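Chains shown are a subset, placed as in the full complex.
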Amino acid sequence: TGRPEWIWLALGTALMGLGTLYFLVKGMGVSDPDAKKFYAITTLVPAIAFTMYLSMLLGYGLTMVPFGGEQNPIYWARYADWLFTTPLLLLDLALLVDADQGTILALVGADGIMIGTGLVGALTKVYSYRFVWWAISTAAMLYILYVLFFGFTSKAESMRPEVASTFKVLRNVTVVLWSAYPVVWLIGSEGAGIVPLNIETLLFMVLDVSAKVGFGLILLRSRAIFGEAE
Amino acid sequence: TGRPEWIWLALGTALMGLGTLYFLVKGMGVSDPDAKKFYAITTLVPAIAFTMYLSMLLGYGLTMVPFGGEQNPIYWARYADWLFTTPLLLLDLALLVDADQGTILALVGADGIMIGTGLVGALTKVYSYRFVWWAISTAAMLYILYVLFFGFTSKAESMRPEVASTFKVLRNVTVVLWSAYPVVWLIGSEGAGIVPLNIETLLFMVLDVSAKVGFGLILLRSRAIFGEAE
(Lines give C-alpha, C1' and ligand atoms only; values in the text may rest on other atoms or scores of the structure.)
Protein backbone atom coordinates (compact mmCIF):
# COMPACT_ATOMS: atom_id res chain seq x y z
CA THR A 1 0.00 0.00 0.00
CA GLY A 2 1.35 3.39 -1.05
CA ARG A 3 0.58 5.18 2.22
CA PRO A 4 3.48 5.34 4.71
CA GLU A 5 1.08 5.22 7.67
CA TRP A 6 -0.20 1.80 6.59
CA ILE A 7 2.09 0.02 9.07
CA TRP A 8 0.42 1.72 12.04
CA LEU A 9 -3.05 0.90 10.66
CA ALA A 10 -2.15 -2.78 10.24
CA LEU A 11 -0.71 -2.97 13.76
CA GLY A 12 -3.80 -1.29 15.21
CA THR A 13 -6.12 -3.68 13.39
CA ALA A 14 -4.21 -6.71 14.70
CA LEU A 15 -4.15 -5.49 18.29
CA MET A 16 -7.86 -4.67 18.36
CA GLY A 17 -8.66 -8.07 16.88
CA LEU A 18 -6.50 -9.89 19.43
CA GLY A 19 -8.03 -7.84 22.24
CA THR A 20 -11.54 -8.69 21.09
CA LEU A 21 -10.74 -12.41 21.03
CA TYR A 22 -9.19 -12.38 24.49
CA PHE A 23 -12.18 -10.63 26.07
CA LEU A 24 -14.55 -12.96 24.22
CA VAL A 25 -12.87 -16.05 25.66
CA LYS A 26 -12.45 -14.58 29.15
CA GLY A 27 -16.18 -13.84 29.25
CA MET A 28 -17.29 -17.41 28.55
CA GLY A 29 -19.30 -19.03 31.33
CA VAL A 30 -19.71 -15.81 33.33
CA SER A 31 -23.26 -15.89 34.71
CA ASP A 32 -23.36 -13.10 37.31
CA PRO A 33 -25.73 -10.61 35.61
CA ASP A 34 -23.65 -7.64 36.80
CA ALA A 35 -20.39 -9.00 35.40
CA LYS A 36 -22.19 -9.90 32.16
CA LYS A 37 -22.92 -6.19 31.59
CA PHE A 38 -19.27 -5.16 32.00
CA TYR A 39 -18.08 -7.97 29.71
CA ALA A 40 -20.66 -7.08 27.06
CA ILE A 41 -19.66 -3.40 27.10
CA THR A 42 -15.91 -4.02 27.29
CA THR A 43 -15.80 -6.63 24.52
CA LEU A 44 -17.90 -4.55 22.12
CA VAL A 45 -15.46 -1.63 22.29
CA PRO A 46 -12.45 -3.32 20.62
CA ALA A 47 -14.68 -5.21 18.17
CA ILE A 48 -15.96 -1.89 16.82
CA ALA A 49 -12.44 -0.44 16.72
CA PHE A 50 -11.25 -3.52 14.85
CA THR A 51 -13.73 -2.89 12.03
CA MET A 52 -12.86 0.80 11.90
CA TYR A 53 -9.11 0.20 11.81
CA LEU A 54 -9.60 -2.38 9.07
CA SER A 55 -11.63 0.15 7.06
CA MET A 56 -8.76 2.65 7.32
CA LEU A 57 -6.20 -0.01 6.40
CA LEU A 58 -8.11 -1.02 3.24
CA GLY A 59 -8.67 2.64 2.30
CA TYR A 60 -12.43 2.87 2.78
CA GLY A 61 -12.44 5.01 5.92
CA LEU A 62 -10.50 7.83 4.24
CA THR A 63 -11.41 10.94 2.27
CA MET A 64 -9.72 14.06 0.89
CA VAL A 65 -10.52 17.54 2.25
CA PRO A 66 -9.16 20.73 0.61
CA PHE A 67 -7.83 23.33 3.03
CA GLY A 68 -4.67 25.39 3.26
CA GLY A 69 -4.50 24.96 -0.50
CA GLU A 70 -3.83 21.22 -0.51
CA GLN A 71 -5.59 17.85 -0.59
CA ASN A 72 -5.45 16.62 2.99
CA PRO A 73 -6.27 12.95 3.70
CA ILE A 74 -8.76 12.71 6.57
CA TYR A 75 -9.47 9.36 8.26
CA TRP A 76 -13.15 9.96 8.98
CA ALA A 77 -13.39 6.39 10.30
CA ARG A 78 -11.50 7.51 13.44
CA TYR A 79 -14.52 9.59 14.42
CA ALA A 80 -17.04 6.88 13.58
CA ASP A 81 -15.04 4.62 15.90
CA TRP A 82 -15.01 7.14 18.78
CA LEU A 83 -18.69 7.95 18.23
CA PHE A 84 -19.57 4.44 19.40
CA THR A 85 -16.70 3.48 21.72
CA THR A 86 -16.48 6.59 23.94
CA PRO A 87 -20.10 6.34 25.24
CA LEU A 88 -19.59 2.65 26.00
CA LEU A 89 -16.48 3.52 28.03
CA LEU A 90 -18.51 6.16 29.88
CA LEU A 91 -21.20 3.56 30.54
CA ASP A 92 -18.54 1.31 32.09
CA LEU A 93 -17.57 4.08 34.50
CA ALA A 94 -21.15 5.09 35.26
CA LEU A 95 -22.33 1.56 36.07
CA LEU A 96 -19.34 1.09 38.38
CA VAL A 97 -20.47 3.89 40.72
CA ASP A 98 -24.19 3.29 40.07
CA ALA A 99 -24.54 6.80 38.66
CA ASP A 100 -28.10 8.06 38.38
CA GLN A 101 -29.88 8.16 35.03
CA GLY A 102 -29.79 11.95 34.82
CA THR A 103 -26.00 12.11 34.98
CA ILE A 104 -25.61 9.33 32.40
CA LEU A 105 -27.77 11.17 29.86
CA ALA A 106 -25.70 14.32 30.43
CA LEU A 107 -22.39 12.52 29.88
CA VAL A 108 -23.50 10.60 26.78
CA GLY A 109 -25.10 13.72 25.30
CA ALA A 110 -21.97 15.79 25.93
CA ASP A 111 -19.90 12.97 24.42
CA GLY A 112 -21.94 13.01 21.21
CA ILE A 113 -21.41 16.76 20.92
CA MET A 114 -17.69 16.23 21.54
CA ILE A 115 -17.25 13.74 18.68
CA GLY A 116 -19.78 15.33 16.33
CA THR A 117 -18.15 18.76 16.46
CA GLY A 118 -14.71 17.17 16.16
CA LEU A 119 -15.83 15.52 12.94
CA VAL A 120 -17.25 18.78 11.59
CA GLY A 121 -13.92 20.45 12.32
CA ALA A 122 -12.02 17.68 10.54
CA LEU A 123 -14.17 18.07 7.39
CA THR A 124 -14.31 21.88 7.40
CA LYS A 125 -12.72 23.52 4.34
CA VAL A 126 -12.18 27.00 5.86
CA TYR A 127 -8.94 26.61 7.80
CA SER A 128 -9.63 29.12 10.58
CA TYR A 129 -13.09 27.65 11.24
CA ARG A 130 -11.57 24.22 11.93
CA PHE A 131 -10.27 25.52 15.27
CA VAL A 132 -13.63 26.98 16.27
CA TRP A 133 -15.01 23.44 16.18
CA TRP A 134 -11.94 22.13 18.01
CA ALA A 135 -12.64 24.65 20.80
CA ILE A 136 -16.30 23.63 21.17
CA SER A 137 -15.30 19.95 21.11
CA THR A 138 -12.68 20.49 23.83
CA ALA A 139 -15.16 22.38 26.03
CA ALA A 140 -17.53 19.41 25.88
CA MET A 141 -14.60 17.17 26.85
CA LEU A 142 -13.82 19.29 29.91
CA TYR A 143 -17.43 19.05 31.06
CA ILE A 144 -17.23 15.25 30.87
CA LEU A 145 -13.97 15.14 32.83
CA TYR A 146 -15.35 17.56 35.43
CA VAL A 147 -18.28 15.20 36.04
CA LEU A 148 -16.04 12.12 36.20
CA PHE A 149 -13.73 13.82 38.70
CA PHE A 150 -16.04 15.90 40.91
CA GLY A 151 -19.37 14.31 40.02
CA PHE A 152 -18.51 10.62 40.36
CA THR A 153 -15.70 10.60 42.92
CA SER A 154 -18.22 11.48 45.65
CA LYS A 155 -20.62 8.65 44.80
CA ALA A 156 -17.77 6.11 44.78
CA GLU A 157 -16.34 6.71 48.27
CA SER A 158 -19.70 5.65 49.76
CA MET A 159 -19.73 2.39 47.77
CA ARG A 160 -17.93 -0.93 48.32
CA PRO A 161 -14.16 -0.53 48.92
CA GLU A 162 -13.35 -2.47 45.73
CA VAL A 163 -15.64 -0.20 43.71
CA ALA A 164 -14.12 3.04 45.00
CA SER A 165 -10.55 1.87 44.33
CA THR A 166 -11.14 0.45 40.84
CA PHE A 167 -12.93 3.63 39.77
CA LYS A 168 -10.12 5.82 41.12
CA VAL A 169 -7.58 4.09 38.86
CA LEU A 170 -9.85 4.07 35.81
CA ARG A 171 -10.60 7.76 36.45
CA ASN A 172 -6.95 8.85 36.51
CA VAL A 173 -6.27 6.84 33.35
CA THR A 174 -9.30 8.43 31.65
CA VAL A 175 -8.32 12.03 32.45
CA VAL A 176 -4.79 11.59 31.11
CA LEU A 177 -5.90 9.39 28.22
CA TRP A 178 -8.83 11.51 27.02
CA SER A 179 -6.91 14.78 27.27
CA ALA A 180 -4.18 13.67 24.86
CA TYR A 181 -6.64 13.33 21.97
CA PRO A 182 -7.30 17.07 21.37
CA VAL A 183 -3.56 17.76 21.67
CA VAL A 184 -2.65 15.25 18.96
CA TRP A 185 -5.40 16.69 16.76
CA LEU A 186 -4.11 20.23 17.18
CA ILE A 187 -0.49 19.33 16.34
CA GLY A 188 -1.21 16.81 13.57
CA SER A 189 -2.26 17.30 9.97
CA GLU A 190 -5.91 17.97 10.83
CA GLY A 191 -4.84 21.07 12.79
CA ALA A 192 -1.60 23.06 12.78
CA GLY A 193 0.28 20.59 10.58
CA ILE A 194 3.40 20.47 12.74
CA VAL A 195 3.56 16.66 12.99
CA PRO A 196 3.18 14.72 9.71
CA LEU A 197 0.36 12.28 9.05
CA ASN A 198 2.38 9.10 9.59
CA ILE A 199 3.38 10.13 13.12
CA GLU A 200 -0.11 11.45 13.84
CA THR A 201 -1.50 8.03 12.90
CA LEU A 202 0.98 6.27 15.21
CA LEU A 203 0.04 8.52 18.14
CA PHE A 204 -3.69 7.90 17.71
CA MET A 205 -3.06 4.16 17.38
CA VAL A 206 -1.10 4.10 20.64
CA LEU A 207 -3.91 6.03 22.33
CA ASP A 208 -6.71 3.93 20.82
CA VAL A 209 -5.09 0.63 21.87
CA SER A 210 -4.52 1.92 25.41
CA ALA A 211 -8.18 3.00 25.63
CA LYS A 212 -9.93 0.14 23.82
CA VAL A 213 -7.82 -2.79 25.12
CA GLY A 214 -5.64 -1.45 27.94
CA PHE A 215 -8.48 0.18 29.87
CA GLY A 216 -10.51 -3.02 29.52
CA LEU A 217 -7.75 -5.23 30.91
CA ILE A 218 -7.70 -3.06 34.05
CA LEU A 219 -11.48 -3.10 34.51
CA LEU A 220 -12.06 -6.82 33.90
CA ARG A 221 -9.32 -7.81 36.38
CA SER A 222 -11.06 -5.90 39.18
CA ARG A 223 -13.41 -7.46 41.72
CA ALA A 224 -15.78 -4.49 41.38
CA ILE A 225 -17.60 -5.88 38.33
CA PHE A 226 -19.12 -8.73 40.37
CA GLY A 227 -21.97 -8.44 42.83
CA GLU A 228 -21.17 -9.01 46.49
CA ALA A 229 -22.35 -12.57 47.12
CA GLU A 230 -21.51 -15.66 49.16
CA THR B 1 -21.45 36.61 4.33
CA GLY B 2 -23.19 36.76 0.96
CA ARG B 3 -26.40 35.04 2.07
CA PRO B 4 -29.24 37.40 3.09
CA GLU B 5 -30.54 34.89 5.65
CA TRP B 6 -27.26 35.05 7.58
CA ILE B 7 -28.71 37.54 10.08
CA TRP B 8 -31.35 35.06 11.23
CA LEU B 9 -28.74 32.29 11.54
CA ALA B 10 -26.49 34.49 13.68
CA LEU B 11 -29.38 35.50 15.93
CA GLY B 12 -30.46 31.88 16.33
CA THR B 13 -26.94 30.79 17.22
CA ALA B 14 -26.65 33.49 19.89
CA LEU B 15 -30.03 32.72 21.46
CA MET B 16 -29.38 28.98 21.64
CA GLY B 17 -25.97 29.62 23.19
CA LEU B 18 -27.40 31.99 25.79
CA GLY B 19 -30.20 29.53 26.55
CA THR B 20 -27.71 26.71 27.05
CA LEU B 21 -25.66 28.79 29.49
CA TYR B 22 -28.69 29.84 31.52
CA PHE B 23 -29.94 26.27 31.94
CA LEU B 24 -26.41 25.10 32.78
CA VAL B 25 -26.11 27.62 35.62
CA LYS B 26 -29.66 27.09 36.88
CA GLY B 27 -28.99 23.36 37.14
CA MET B 28 -25.95 23.69 39.40
CA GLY B 29 -26.33 22.10 42.82
CA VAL B 30 -29.61 20.35 41.99
CA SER B 31 -29.42 16.93 43.66
CA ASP B 32 -32.97 15.56 43.48
CA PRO B 33 -32.50 12.64 41.03
CA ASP B 34 -35.83 13.38 39.33
CA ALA B 35 -35.04 17.05 38.72
CA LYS B 36 -31.57 16.05 37.50
CA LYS B 37 -33.18 14.11 34.63
CA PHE B 38 -35.28 17.07 33.47
CA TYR B 39 -32.29 19.44 33.67
CA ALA B 40 -30.08 17.02 31.73
CA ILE B 41 -32.68 16.63 28.97
CA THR B 42 -33.65 20.30 28.82
CA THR B 43 -30.08 21.65 28.75
CA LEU B 44 -28.94 19.21 26.05
CA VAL B 45 -31.62 20.41 23.64
CA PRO B 46 -30.36 24.00 23.11
CA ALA B 47 -26.71 22.87 23.21
CA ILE B 48 -27.35 20.64 20.19
CA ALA B 49 -29.29 23.39 18.43
CA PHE B 50 -26.44 25.81 19.10
CA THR B 51 -23.98 23.59 17.21
CA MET B 52 -26.42 23.09 14.34
CA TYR B 53 -27.20 26.79 13.98
CA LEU B 54 -23.48 27.57 14.04
CA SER B 55 -22.92 25.00 11.27
CA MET B 56 -25.56 26.73 9.13
CA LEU B 57 -24.09 30.16 9.89
CA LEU B 58 -20.57 29.10 8.82
CA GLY B 59 -21.94 27.37 5.70
CA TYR B 60 -21.21 23.75 6.59
CA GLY B 61 -24.79 22.63 7.21
CA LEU B 62 -25.92 23.60 3.71
CA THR B 63 -26.10 21.86 0.34
CA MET B 64 -27.54 22.46 -3.13
CA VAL B 65 -30.39 20.32 -4.51
CA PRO B 66 -31.59 20.61 -8.14
CA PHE B 67 -35.35 20.65 -8.59
CA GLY B 68 -37.79 22.81 -10.49
CA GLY B 69 -34.86 23.54 -12.78
CA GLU B 70 -32.79 25.50 -10.28
CA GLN B 71 -30.12 25.09 -7.61
CA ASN B 72 -32.00 25.26 -4.33
CA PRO B 73 -30.02 25.74 -1.10
CA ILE B 74 -31.15 23.20 1.51
CA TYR B 75 -30.10 23.56 5.16
CA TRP B 76 -29.80 19.86 5.94
CA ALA B 77 -28.50 20.77 9.40
CA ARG B 78 -32.07 21.77 10.38
CA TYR B 79 -33.07 18.12 10.16
CA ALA B 80 -30.00 16.85 12.00
CA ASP B 81 -30.95 19.26 14.79
CA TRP B 82 -34.57 18.07 14.96
CA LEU B 83 -33.49 14.42 14.72
CA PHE B 84 -31.92 14.74 18.17
CA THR B 85 -33.93 17.49 19.88
CA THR B 86 -37.50 16.33 19.15
CA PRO B 87 -37.13 12.93 20.90
CA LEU B 88 -35.60 14.64 23.93
CA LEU B 89 -38.59 16.99 24.10
CA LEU B 90 -40.90 13.96 23.88
CA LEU B 91 -38.92 12.33 26.69
CA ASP B 92 -39.52 15.43 28.82
CA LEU B 93 -43.27 15.07 28.32
CA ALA B 94 -43.29 11.30 28.81
CA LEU B 95 -41.34 11.38 32.09
CA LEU B 96 -43.69 14.07 33.41
CA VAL B 97 -46.73 11.75 33.24
CA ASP B 98 -44.69 8.60 33.94
CA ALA B 99 -45.70 7.17 30.57
CA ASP B 100 -45.12 3.45 30.17
CA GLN B 101 -42.18 2.14 28.17
CA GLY B 102 -44.37 0.88 25.33
CA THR B 103 -45.81 4.32 24.59
CA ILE B 104 -42.36 5.96 24.73
CA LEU B 105 -40.95 3.58 22.12
CA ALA B 106 -43.95 4.30 19.87
CA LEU B 107 -43.52 8.08 20.13
CA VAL B 108 -39.75 8.08 19.59
CA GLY B 109 -40.06 5.64 16.70
CA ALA B 110 -42.79 7.72 15.05
CA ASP B 111 -40.65 10.83 15.62
CA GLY B 112 -37.69 9.27 13.80
CA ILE B 113 -39.93 8.45 10.85
CA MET B 114 -41.25 12.02 10.93
CA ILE B 115 -37.81 13.64 10.66
CA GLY B 116 -36.26 10.98 8.42
CA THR B 117 -38.97 11.25 5.77
CA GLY B 118 -38.89 15.03 6.03
CA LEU B 119 -35.19 14.94 5.22
CA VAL B 120 -35.74 12.61 2.27
CA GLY B 121 -38.37 15.01 0.94
CA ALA B 122 -36.00 17.96 1.32
CA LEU B 123 -33.26 16.18 -0.68
CA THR B 124 -35.55 14.68 -3.34
CA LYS B 125 -34.85 15.90 -6.88
CA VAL B 126 -38.24 14.98 -8.41
CA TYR B 127 -40.45 17.91 -7.44
CA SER B 128 -43.77 16.07 -7.19
CA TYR B 129 -42.24 13.32 -5.04
CA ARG B 130 -41.14 15.88 -2.44
CA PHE B 131 -44.76 16.25 -1.33
CA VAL B 132 -45.30 12.50 -1.04
CA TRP B 133 -42.63 12.51 1.67
CA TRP B 134 -44.15 15.62 3.25
CA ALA B 135 -47.48 13.76 3.50
CA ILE B 136 -45.95 10.69 5.18
CA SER B 137 -43.98 12.95 7.55
CA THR B 138 -47.12 14.88 8.51
CA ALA B 139 -49.07 11.66 9.15
CA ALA B 140 -46.39 10.55 11.61
CA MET B 141 -46.67 13.96 13.28
CA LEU B 142 -50.43 13.58 13.72
CA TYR B 143 -49.96 10.20 15.36
CA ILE B 144 -47.57 11.77 17.88
CA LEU B 145 -49.97 14.61 18.67
CA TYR B 146 -52.88 12.18 18.99
CA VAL B 147 -50.94 10.25 21.64
CA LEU B 148 -49.90 13.41 23.49
CA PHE B 149 -53.49 14.66 23.55
CA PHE B 150 -55.62 11.54 24.03
CA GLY B 151 -52.93 9.12 25.19
CA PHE B 152 -51.20 11.20 27.86
CA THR B 153 -53.96 13.54 29.08
CA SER B 154 -55.65 10.58 30.80
CA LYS B 155 -52.54 9.47 32.69
CA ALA B 156 -51.90 13.02 33.91
CA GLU B 157 -55.24 13.75 35.59
CA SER B 158 -54.60 10.85 38.00
CA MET B 159 -51.16 12.21 38.96
CA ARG B 160 -50.11 15.01 41.34
CA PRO B 161 -52.00 18.29 40.73
CA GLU B 162 -48.77 20.10 39.78
CA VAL B 163 -47.95 17.37 37.24
CA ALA B 164 -51.36 17.48 35.53
CA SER B 165 -51.30 21.28 35.22
CA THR B 166 -47.72 21.63 33.96
CA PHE B 167 -48.31 18.94 31.33
CA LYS B 168 -51.52 20.62 30.16
CA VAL B 169 -49.66 23.84 29.35
CA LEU B 170 -46.70 22.08 27.73
CA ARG B 171 -49.17 19.99 25.70
CA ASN B 172 -51.06 22.97 24.26
CA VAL B 173 -47.76 24.67 23.40
CA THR B 174 -46.53 21.49 21.71
CA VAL B 175 -49.62 21.01 19.52
CA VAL B 176 -49.51 24.59 18.23
CA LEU B 177 -45.72 24.66 18.04
CA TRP B 178 -45.20 21.33 16.29
CA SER B 179 -48.00 21.91 13.78
CA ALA B 180 -46.45 25.10 12.40
CA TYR B 181 -43.36 23.26 11.14
CA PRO B 182 -44.99 21.37 8.22
CA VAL B 183 -46.83 24.55 7.21
CA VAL B 184 -43.64 26.60 6.97
CA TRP B 185 -42.03 23.77 4.98
CA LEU B 186 -44.91 23.65 2.51
CA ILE B 187 -44.92 27.42 1.88
CA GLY B 188 -41.14 27.97 1.92
CA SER B 189 -38.50 27.21 -0.68
CA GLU B 190 -38.35 23.49 0.13
CA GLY B 191 -42.01 23.15 -0.92
CA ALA B 192 -44.26 25.45 -2.96
CA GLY B 193 -41.76 28.31 -3.08
CA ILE B 194 -44.26 31.02 -2.12
CA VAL B 195 -42.17 32.50 0.71
CA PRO B 196 -38.49 33.21 -0.08
CA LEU B 197 -35.62 31.54 1.74
CA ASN B 198 -34.71 34.50 3.96
CA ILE B 199 -38.22 34.67 5.45
CA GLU B 200 -38.42 30.88 5.68
CA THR B 201 -35.21 30.92 7.72
CA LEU B 202 -36.61 33.59 10.06
CA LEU B 203 -39.80 31.59 10.65
CA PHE B 204 -37.91 28.41 11.51
CA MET B 205 -35.59 30.37 13.81
CA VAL B 206 -38.55 31.85 15.69
CA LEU B 207 -40.05 28.36 16.02
CA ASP B 208 -36.77 26.69 17.01
CA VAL B 209 -36.04 29.25 19.75
CA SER B 210 -39.58 28.93 21.14
CA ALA B 211 -39.21 25.13 21.23
CA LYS B 212 -35.60 24.73 22.36
CA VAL B 213 -35.43 27.60 24.91
CA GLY B 214 -39.00 28.83 25.46
CA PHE B 215 -40.47 25.40 26.17
CA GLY B 216 -37.61 24.70 28.58
CA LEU B 217 -38.16 27.90 30.56
CA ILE B 218 -41.77 26.83 31.15
CA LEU B 219 -40.86 23.29 32.22
CA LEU B 220 -37.97 24.15 34.55
CA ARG B 221 -40.04 26.77 36.41
CA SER B 222 -42.68 24.16 37.30
CA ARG B 223 -42.81 22.27 40.59
CA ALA B 224 -43.61 19.04 38.71
CA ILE B 225 -39.97 18.19 37.97
CA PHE B 226 -39.22 17.57 41.66
CA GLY B 227 -40.25 14.57 43.68
CA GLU B 228 -42.82 15.10 46.42
CA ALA B 229 -40.73 15.22 49.60
CA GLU B 230 -40.59 16.89 53.00
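Chains: A and B, in written order; residue numbering restarts at 1 for each.
One rule holds in what follows: a residue touches a chain if its C-beta (ideal position, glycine included) is under 8 Å from a C-beta of that chain, and two chains touch if they have at least 3 such contacts.
For this complex of identical protein chains, the structure file gives a whole-complex count of 3 copies, while the figure shows 2.
We take it that only the chains that are shown with their structure count from here on.
Subunit A and subunit B have Cα centroids separated by 30 Å. Note for the complex: subunit B touches subunit A at residues 33, 36-41, 43-44, 47-48, 51, 54-55, 58-60, 84. Residues 100-103, 105-106, 109-110, 112-113, 116-117, 120, 123-124, 126, 129, 132, 136 of subunit A are the ones touching subunit B in the complex.
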